[PDB]
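Chemist: What follows is the residue order along each chain.
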Amino acid sequence: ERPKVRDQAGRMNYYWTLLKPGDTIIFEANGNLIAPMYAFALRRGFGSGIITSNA
Amino acid sequence: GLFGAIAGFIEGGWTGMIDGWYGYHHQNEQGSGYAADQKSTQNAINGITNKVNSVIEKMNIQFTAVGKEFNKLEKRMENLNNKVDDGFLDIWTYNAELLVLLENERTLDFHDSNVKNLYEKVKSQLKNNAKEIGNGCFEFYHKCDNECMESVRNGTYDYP
Numbered sequence: 001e002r003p004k005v006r007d008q009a010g011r012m013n014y015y016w017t018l019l020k021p022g023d024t025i026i027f028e029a030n031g032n033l034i035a036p037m038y039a040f041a042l043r044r045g046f047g048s049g050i051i052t053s054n055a
Numbered sequence: 001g002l003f004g005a006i007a008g009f010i011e012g013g014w015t016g017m018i019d020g021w022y023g024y025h026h027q028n029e030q031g032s033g034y035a036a037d038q039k040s041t042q043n044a045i046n047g048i049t050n051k052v053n054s055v056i057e058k059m060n061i062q063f064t065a066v067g068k069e070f071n072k073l074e075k076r077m078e079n080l081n082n083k084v085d086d087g088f089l090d091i092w093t094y095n096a097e098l099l100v101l102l103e104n105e106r107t108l109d110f111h112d113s114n115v116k117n118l119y120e121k122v123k124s125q126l127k128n129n130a131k132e133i134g135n136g137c138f139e140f141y142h143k144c145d146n147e148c149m150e151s152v153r154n155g156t157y158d159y160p
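Chains as they are written, first to last, in our numbering: chain F, 1 to 55; chain E, 1 to 160.
Just so you know, not all the hints are guaranteed correct.
Below, a list of computed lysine-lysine pairs in the DSSO-like style, where the Cα atoms sit at most 30 Å apart [unchecked claim]: (1) E:83 <-> E:58; (2) E:121 <-> E:131; (3) F:20 <-> E:68; (4) E:72 <-> F:4; (5) E:68 <-> E:51; (6) E:123 <-> E:143; (7) F:4 <-> E:121; (8) E:68 <-> E:121; (9) E:39 <-> E:123.
Derived by calculation from the structure, the hints in this document are not laboratory data.
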């Protein structure tokens with residue numbers, strides 16, 4: 001039991017990994033897996049970056 | 001200044017000199033007016049163009065630099081990042097403010113030197129056939145035309 005945040009006493013821990021070209025990922029579980037629907041095949045850029053701007 | 005011509009032996013610059021940074025005033029019987037010394041003006045412009053190029057082209061353009069993220073148990077690597085950014089910006093502002101004050105004084109010394117190199121060049125041509133009067137001005141002994149006055153400008157007039 002934990003302090004309610006966003007009106008939820010439960011927690012939700014978001015994990016990630018990069019899956020390499022031709023590599024398999026295996027999801028094995030008997031409870032509490034919040035499985036993917038969608039994933040993202042990356043294209044590496046240069047000159048990009050995150051900025052915080054009110055303009 | 002350092003060489004003692006700019007605000008030195010010549011009291012002030014002429015607003016009738018606009019064509020070049022160095023030049024001559026006419027005071028002959030053929031009337032007044034100004035004729036610029038293109039050799040002292042152009043060698044000063046070449047030195048100024050190369051120092052203007054140098055100060056700009058040494059500064060190789062800044063690529064994308066963005067803020068980096070740190071959680072509540074990453075305050076050390078946040079303060080290490082901040083110390084790196086602040087310490088580089090201290091050095092960078094310091095090198096920029098060193099260069100601007102030093103090279104503005106060296107530019108004043110360089111231009112003040114170019115007035116010496118011109119004045120002593122005209123004194124060594126004129127010799128006895130004109131004497132110094134108006135601390136920059138030369139009174140011609142025998143007197144001569146605007147052609148003879150032009151001949152002093154272009155690097156001739158080898159009269160004793």
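Chemist: Take the hints in turn and mark each one as holding or not.
Modeler: Consistency of the hints with the structure:
1. E:83 <-> E:58: 25 Å, holds
2. E:121 <-> E:131: Satisfied, since the Cα-Cα distance of roughly 14 Å is no more than 30 Å.
3. F:20 <-> E:68: Measuring from Cα to Cα gives roughly 25 Å; hence the hint holds.
4. E:72 <-> F:4: 21 Å, holds
5. E:68 <-> E:51: 37 Å, violated
6. E:123 <-> E:143: Holds. Residue 123 of chain E to residue 143 of chain E sits at ~16 Å (cutoff 30 Å).
7. F:4 <-> E:121: With Cα atoms ~91 Å apart, residue 4 of chain F and residue 121 of chain E exceed 30 Å; violated.
8. E:68 <-> E:121: 62 Å, violated
9. E:39 <-> E:123: 17 Å, holds
In this structure, the hints that do not hold are numbers 5, 7 and 8, in rising order.
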